[PDB]
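Given the sequences, and given the hints that come with them, work out the whole structure.
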Amino acid sequence: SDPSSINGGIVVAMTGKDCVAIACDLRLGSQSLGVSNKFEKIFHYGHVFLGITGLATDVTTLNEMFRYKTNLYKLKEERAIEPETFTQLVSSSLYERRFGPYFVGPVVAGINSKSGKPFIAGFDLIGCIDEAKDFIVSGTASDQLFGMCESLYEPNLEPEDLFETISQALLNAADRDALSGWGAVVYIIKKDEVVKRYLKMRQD
Amino acid sequence: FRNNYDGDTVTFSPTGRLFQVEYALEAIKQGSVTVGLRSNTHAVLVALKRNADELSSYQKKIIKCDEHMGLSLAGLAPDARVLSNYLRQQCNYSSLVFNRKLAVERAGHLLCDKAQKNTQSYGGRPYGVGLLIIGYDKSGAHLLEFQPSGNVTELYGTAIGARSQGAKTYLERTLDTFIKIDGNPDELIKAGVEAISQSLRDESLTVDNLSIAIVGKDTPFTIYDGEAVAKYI
Amino acid sequence: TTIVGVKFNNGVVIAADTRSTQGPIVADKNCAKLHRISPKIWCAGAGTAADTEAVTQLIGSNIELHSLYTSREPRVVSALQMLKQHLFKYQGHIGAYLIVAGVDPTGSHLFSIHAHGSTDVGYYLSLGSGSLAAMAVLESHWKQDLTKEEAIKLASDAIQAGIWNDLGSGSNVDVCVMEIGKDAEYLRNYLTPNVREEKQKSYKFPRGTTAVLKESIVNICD
Amino acid sequence: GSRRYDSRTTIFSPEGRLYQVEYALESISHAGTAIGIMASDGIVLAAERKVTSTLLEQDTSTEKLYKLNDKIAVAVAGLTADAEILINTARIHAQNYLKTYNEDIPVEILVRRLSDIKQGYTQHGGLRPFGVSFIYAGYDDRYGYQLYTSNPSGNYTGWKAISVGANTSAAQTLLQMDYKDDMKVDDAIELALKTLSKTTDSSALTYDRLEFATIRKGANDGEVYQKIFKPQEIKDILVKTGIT
Amino acid sequence: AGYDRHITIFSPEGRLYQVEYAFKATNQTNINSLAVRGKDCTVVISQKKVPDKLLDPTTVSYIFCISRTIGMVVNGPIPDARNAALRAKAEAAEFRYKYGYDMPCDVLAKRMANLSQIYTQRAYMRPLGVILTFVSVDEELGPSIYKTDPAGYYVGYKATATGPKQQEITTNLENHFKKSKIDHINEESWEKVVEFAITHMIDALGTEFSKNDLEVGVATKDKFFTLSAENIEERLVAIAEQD
Amino acid sequence: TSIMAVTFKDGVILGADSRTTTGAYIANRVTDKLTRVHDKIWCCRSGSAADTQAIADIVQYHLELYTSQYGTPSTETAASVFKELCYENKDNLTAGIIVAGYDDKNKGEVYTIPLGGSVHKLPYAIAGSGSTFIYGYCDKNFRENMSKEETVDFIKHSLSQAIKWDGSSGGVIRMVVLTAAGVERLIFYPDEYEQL
Amino acid sequence: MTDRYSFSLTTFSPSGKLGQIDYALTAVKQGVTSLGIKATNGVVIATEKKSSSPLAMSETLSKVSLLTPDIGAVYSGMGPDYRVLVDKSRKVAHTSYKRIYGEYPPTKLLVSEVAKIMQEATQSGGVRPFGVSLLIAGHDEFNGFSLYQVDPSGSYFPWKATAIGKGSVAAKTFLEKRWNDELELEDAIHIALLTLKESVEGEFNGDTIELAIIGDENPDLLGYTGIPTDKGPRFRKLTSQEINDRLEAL
Amino acid sequence: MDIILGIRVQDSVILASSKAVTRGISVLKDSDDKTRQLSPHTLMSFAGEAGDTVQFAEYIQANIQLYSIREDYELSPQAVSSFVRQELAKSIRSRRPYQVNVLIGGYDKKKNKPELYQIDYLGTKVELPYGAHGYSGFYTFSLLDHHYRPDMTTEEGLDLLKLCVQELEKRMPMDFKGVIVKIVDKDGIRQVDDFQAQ
Amino acid sequence: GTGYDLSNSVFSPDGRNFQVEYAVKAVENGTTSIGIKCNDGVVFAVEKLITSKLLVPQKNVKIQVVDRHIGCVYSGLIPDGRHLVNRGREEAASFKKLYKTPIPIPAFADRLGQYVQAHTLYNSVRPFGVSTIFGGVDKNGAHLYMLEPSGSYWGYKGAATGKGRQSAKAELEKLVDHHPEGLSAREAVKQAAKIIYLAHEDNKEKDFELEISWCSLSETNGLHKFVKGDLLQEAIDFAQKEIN
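So the sequence lines, in the order shown, correspond to chains I, E, H, B, G, N, A, J and F. Count the first sequence with the entry's author numbering and you get residues -8 to -1, 1 to 36, 38 to 105, 10A to 10C, 106 to 122, 12A, 123 to 179, 181 to 194, in order. Count the second sequence with the entry's author numbering and you get residues 4 to 60, 63 to 180, 18A to 18F, 183 to 204, 206 to 207, 2B to 2E, 210 to 233, in order. Count the third sequence with the entry's author numbering and you get residues 1 to 91, 93 to 105, 10A, 106 to 187, 189 to 223, in order. Count the fourth sequence with the entry's author numbering and you get residues 4 to 63, 63A, 64 to 144, 14A, 145 to 200, 202 to 204, 20A to 20B, 205 to 216, 21A to 21B, 217 to 218, 21C to 21D, 219, 21E, 220 to 239, in order. Count the fifth sequence with the entry's author numbering and you get residues 6 to 34, 34A, 35 to 143, 14A, 144 to 179, 17A to 17E, 18A to 18D, 184, 18G to 18H, 18M, 186 to 218, 220 to 240, in order. Count the sixth sequence with the entry's author numbering and you get residues 1 to 70, 72 to 92, 94 to 105, 10A to 10B, 106 to 181, 183 to 187, 18A to 18J, in order. Count the seventh sequence with the entry's author numbering and you get residues 4 to 102, 10A, 103 to 147, 14A, 148 to 200, 202 to 209, 20A, 210 to 217, 21A to 21B, 21D to 21P, 218 to 236, in order. Count the eighth sequence with the entry's author numbering and you get residues -1, 1 to 90, 90A to 90B, 91 to 105, 10A to 10C, 106 to 181, 183 to 193, in order. Count the ninth sequence with the entry's author numbering and you get residues 5 to 180, 18A to 18F, 184 to 199, 201 to 206, 20B to 20C, 207 to 218, 21A to 21C, 219 to 241, in order.
Relax, there's no trap hidden among the hints.
Label-pair ranges, simulated between beta-carbon atoms:
no. : chain 1 : residue 1 : chain 2 : residue 2 : range
1   : I       : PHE92     : A       : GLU177    : 55 to 63 angstroms
2   : B       : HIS33     : J       : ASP181    : 53 to 61 angstroms
3   : B       : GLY122    : J       : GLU161    : 52 to 60 angstroms
4   : B       : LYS225    : G       : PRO17     : 39 to 47 angstroms
5   : J       : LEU27     : I       : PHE92     : 37 to 45 angstroms
6   : N       : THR96     : I       : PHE92     : 22 to 30 angstroms
7   : I       : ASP164    : J       : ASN106    : 37 to 45 angstroms
8   : I       : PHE92     : J       : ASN106    : 45 to 53 angstroms
9   : A       : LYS20     : B       : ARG20     : 15 to 23 angstroms
The calculated DSBU-like cross-link candidates involving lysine-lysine, where the alpha carbons are at most 35 angstroms apart (straight line), are:
no. : chain 1 : residue 1 : chain 2 : residue 2
10  : H       : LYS143    : H       : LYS29
11  : E       : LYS119    : F       : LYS20C
12  : E       : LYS217    : F       : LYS225
13  : F       : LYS206    : F       : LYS238
14  : A       : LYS91     : G       : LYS29
15  : N       : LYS9      : N       : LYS107
16  : G       : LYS17B    : A       : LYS53
17  : J       : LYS89     : I       : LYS67
18  : F       : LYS225    : F       : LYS57
19  : F       : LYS238    : F       : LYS29
20  : N       : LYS9      : G       : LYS220
21  : A       : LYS173    : B       : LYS235
It should be emphasised that the hints constitute simulated quantities derived from the structure, not laboratory data. Quick reminder that beta carbons are idealized off the backbone N, C-alpha and C, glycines included.
Here you go:
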């Protein structure tokens, strides 16, 4: 019934010292039935990262849509799109379907190639933007994530520390959600490099 | 002159004429003669059907629009089909919606207005056919003459087509006479056939060559062709 | 949500709380409920966030184009007419409840618009779930001829009524002052009476605490 | 009526030719020359900027080389504005394809679609054709490096080396005289500059009057890379090839 | 080739003959008009000529009330003048509905000018052979005169004149302002501005006027109205008692 | 909502309360339900605030364009435009409107347009939730050709009673007098009418 | 009725010329001179306010228009065509950009949009090309300052400095002499004023000249405060006075 | 619903589809082939709403054949599955959505590897070693999760399927009248006409 | 050059629209018709040329009523006149539907004016080949109007158009001078009958039939009605008498 609880899954993003981190679980289920343990919910266009929780078909569609738009953006602007700009694009693209929305919970993370300033943002299914300074949670275990983040989080963590923090937030939240888990992947992002690590977790 | 102002109906000549319309009227003169006349109880249509070969038929010139109305054509057959069909609908509309037979004078107004539209807009062409409409309505018998220019006139009798002038002069003479042939169709029809022969020249009206139609007081518009018109030749 | 608008001797002021919720969960502890339509016409919005924002910027966009076209400063009655006719057209499906204020060539104005398109005029207004807490304060302290400072205090107090007494409202107080002869001044976080006390412990994890299966570098350069 | 002022841009001549297409081509023949040469390890696109001034900003300019995709680029000869209209719809077709199949659009498929659009203005609509000719340089995993050409008629063809615009005859003869199947990108770059240098209607061939681009598959990578040479880069290669 | 003079396309010299000939049409009525600005009012004078004795003089006018505040005088054939008037009225009414405030005179001028500019570019639309002079006392700009032509051009004036003898009236007005050094008639009452207007009309045209030779329109704060034969006669009398 | 329009000797007067509610909550207590569609043609609104405002705005628009072309419209013409909108869109509107205007040839006129979209010309009319309570009272106290003073009193009393019994009505009693003399605005506070 | 002109009014002549575009360019050549100069920290666009009568109020007619708070335009040719082009440009800046990305478009892209509008008037059915050439000057975060020229054909090109209209040939020559890549805004404004003096016949002062610049952000022209990131428009039209002051140091 | 299974072994993809076609009280047919060949090396099985089922499959088939002829080339299994997902993703937000779930099995001649794609009517696609639609997975996944090995020969795969089908015939309430099995490999698509007792 | 008279919305070098002028010719070439405004109404009359004895007398009515209070008569292409009346009828119906009150004559005039003016805006249409005299009684007075093919129209004291318009205009001017107080409905009817008889000299060759109608506040109650029987014969004689 609820399009946002059919497939399950979660995403979380955090800001650190000259870095940002975005993580997600890997489950794609069909209600109680687990279907895939390799459904990644994080994508990137240039140096901008986008996580999308919700109805899987929409997650896929929105990714294909943004690849399309950022591609033409680069061709015209002759430069890769920035987090702040992309966030606006995500918002207007979602509101454009105001009365027949995609059932997703988008999350944007990245660092502005010109100011180096870390950036993260969350949106509701119809485009409303939430630009947090600390963290953004999304998915079927968002209550759990809020709980984890509100406690585990502290400002200006170093890349190696933020990784521990965000992973523990994702991991323990997903273990309290029947529709999340089956793998997880964390992205640590810095001005010059991005490292992607797969975590080890329960498979039930 | 003319050649510069006769390319379409949307152009006025320096003198204030519409050549395309005039050219349309010319298609009528080239058409076979047809006559129409009425008393106070009946209205008759006598039309000379033209034949292509001697192996060809004599193309119909009379069309029924309703039980109380009909017309004769002179000019482009297709156009008459279009206009008579439009009149058939207008008659039908009046009956179905108002349970009222369409007045002949009103049928004329409709025809005028339809034809008028094809004389003021680019892309179209005027109708190339003349029509004689007869009918018996709530105000008696009626005869109308329709011209592609959109001009429709009510008369006691008239004719259109080639040499139509012969019959028209005859009728303008016989007026006081036939205008009183009330209660006797055979007489009105004979008078009509006499007016039409005033425009003959090529041959003489034969059996499969003559076509007559009548409507009146207690006579639903009916068309007579062939053997049925024999007793008039 | 708690939003108020208060008229004062030479202008108008609008304030709002900063809490954002999804059911009983606080999604954003500091979201902006104040919107700029033109430089000197601002909006306080309640209802559906995507909507207050979207409607605020659509009309704002057209107001800007109208301004350039007419070579005149935007008027509040214009932003108001464009907003209500838009909201009315959508029969309430665009959940925007706004308190629109501002100054223009004709003076200072204060209006309220509901999702269905009806508008109201008054010297003090409140909307949102804190609506009643705020209105109690306004009904108790408003008076004709308030000074810019008296108004900011009153508006600020009314938002506080909602922050403390309404579960739908919380966190900080944003204010925007529009005075007839000057620039409009937006005071984001004019008040921050809800700072989280220091935690009882640090939850920083020793590095290596998380089990990792695979690792790789992501290619960001084309 | 209107019929009076209708040029009837889409009719046949008694000889069975398309007036407008023929006249559009005539127009194109006066455009700065553009050349496309395909080597074994890459493709070269070179073009001569028609008309320039001391004050013309060459760093922020691009009137002949456009990127359509990450694997496809084109050289323009004719009306810049017209070309842009086409280029944009071409860029969109590429993305649609990508979104539908999750694969980059094969070079010909994109060239054919763009050509069909041109062909359209030729058979219906009563509009004038686009005064533009394109040279397409691109790569895909089915035919590798490809070089195509399309003109106002909507017709397109494949080449090893080709030129469009002014003095194409002279250019074509010079290319058909020194082109060899086993060429190498660097060899092609040289042939291109040489050819343009001999067919220019201008005094000399300076960098400020050129645009250069290459689509190579950098051995140290394994992928296809497009390079739209910068003013300085052109200035450099212009010296090395001995044209200083 | 030679059709570049029938529709609005460029001539080899870069001209639009149809627009030029449209300007020619504006003088077809052989009527002159002028507008001047008061201290807080705007006045427009226009010759009224009723040749046919069978005409109802009260229905012969080239001055229109576009809205409560905007007045428009037209130099050109009446059928085109009325077309323009209707459009202007519709535009002014719609604007009020959409934006909540009365359409400014200068804005309505721009809008009409833009509409005209279009007939200039699209081939199926012919330009209107009229010149529109809009007047009012704008709530932001005060007394205002904005005029538009078949070319889609428009601008504001301190005062202006239109018609066959436009040039004479213009240099007359020019001279007066070079003298006064101000850009308006420093009078408090519109009546005197109307008298000033009529006077200079007489000097420039070198003709005397009766109460039926003129047409007068006046715009003030929140209202634009036209004078009657008797309201004019009163004006004509006053100017007489000074000469 | 409690509204009424009464025609008297010198023209007509419109009256209304100023309360708007959303449930038992009084959202606005100084609402102006007397809307101007023309200089001397006003209306009393009842029903949906959004609906009646939108309707009024459109009518005002129509009468302003009508005036630009045909001069001042009759009160009947105004009621006609209101009716056209209300009847033609009866499925999507909830508007009860009383049209009142002053003509020189016709003096004061009152037309009532209830939910269905039908029009009714009357010596006076009452509508709105609170109107139900004053039907008896108004029918026993209305008199044709009253003076401005008597009328203002008939309205002040009627509406104070409407307000007394109807929780949906309240605030101040607003009035608008339409006569040859011009347009006059009146307001009466609680402390005055509550003790009548 | 109904526009029945659905065919092109601009076609290819046997020589390959597009007559209507050529003629439109001719109309531009008769137009009053206008120019643009790019400095290192700003751009300047100027033109002459050829008052078509002393009774006309030259202020109620800006030849220099703001398109976005960081982009301005000026022209040479048919004024009315320019005016509607300006309205369309301001709108397209929103509809095709601001409403999608939440930020104003970069000079090149808006120029691109404007160019597209003109290219269409060169091929769509039933219309004639625009009779103007525009000089658009702007600034955006990733491209800094830029200056573009857009012709009736829809073609546009970036410039360091250039002039269009009546005395464009001479003015462009005088510009080549004084331009270098180290000019400060004031220097360009100065050169602009000198270059324009040659093209002006009569009065040359701040009331007969129209000049605007694209320089630093003018927080004083924002209208509000409280948003650190919003610092004001870079576009600023000079006042009659500001011009005269610089005319003395001419 | 019907049975729709798919397993991707070492060098081929295998699709097993029930043969029954029921309409309420009666089983109208017991030899129904719920499959359509989209191209020489790509097969698609399907299950769902009565008419939509075959209408969609044939519609897709036609489109791929048209592409094949236009380009004289066979789209990669990946390409075909993306095309199909998009069609279903459009359909879900249309007036009357196609209620069809599919399994696309194809051998990529370029990569020289078999591929199995599972796409439901919402346009939800995922690539898998083995997959199913409907209730089929509930009875068989525990078995596949156990015995599946990436290096299985086509023969081992057929045996694992047989085991799956037996579990299905035992615990499932409906009589799906057996299954038709098909193999897709480097050499094309062939049907295992002998599974009624393999 | 020339040809400025072949398309409808074209301005000739002297600012004229020849096609409209040519339309006026068709009008002059038509029957003469007139209108006389009296002290509380208006009278319309027209000449009906009897082409022959075959035309049923009193039948082919020319004057037309719009709504219930407006009369219309025209000279020129008859079908064009009907078309215009049809539009006026729709025009009037719409006005009454929205405003309830029947359309004021002035308002009605501009409706016909705007419509006719509209047919001089495009070359896709032809101007109306008729001049129309129409009017009636409304909320404040009687009004008489005449509308030209150009769309031009004014309020008249008396009006005439057609073959013998000059005779008419002369006769009308006399009445205007000799009755500054205002003719009466009864009187205008006779006067009209006369003026048509006089103006019929410019067509004295053919015999005719007279047609009159009026709209008087006191005589017809503000409703347009045709002059029939006695009142008609009485006026036919009043003319026959003063024609000798």
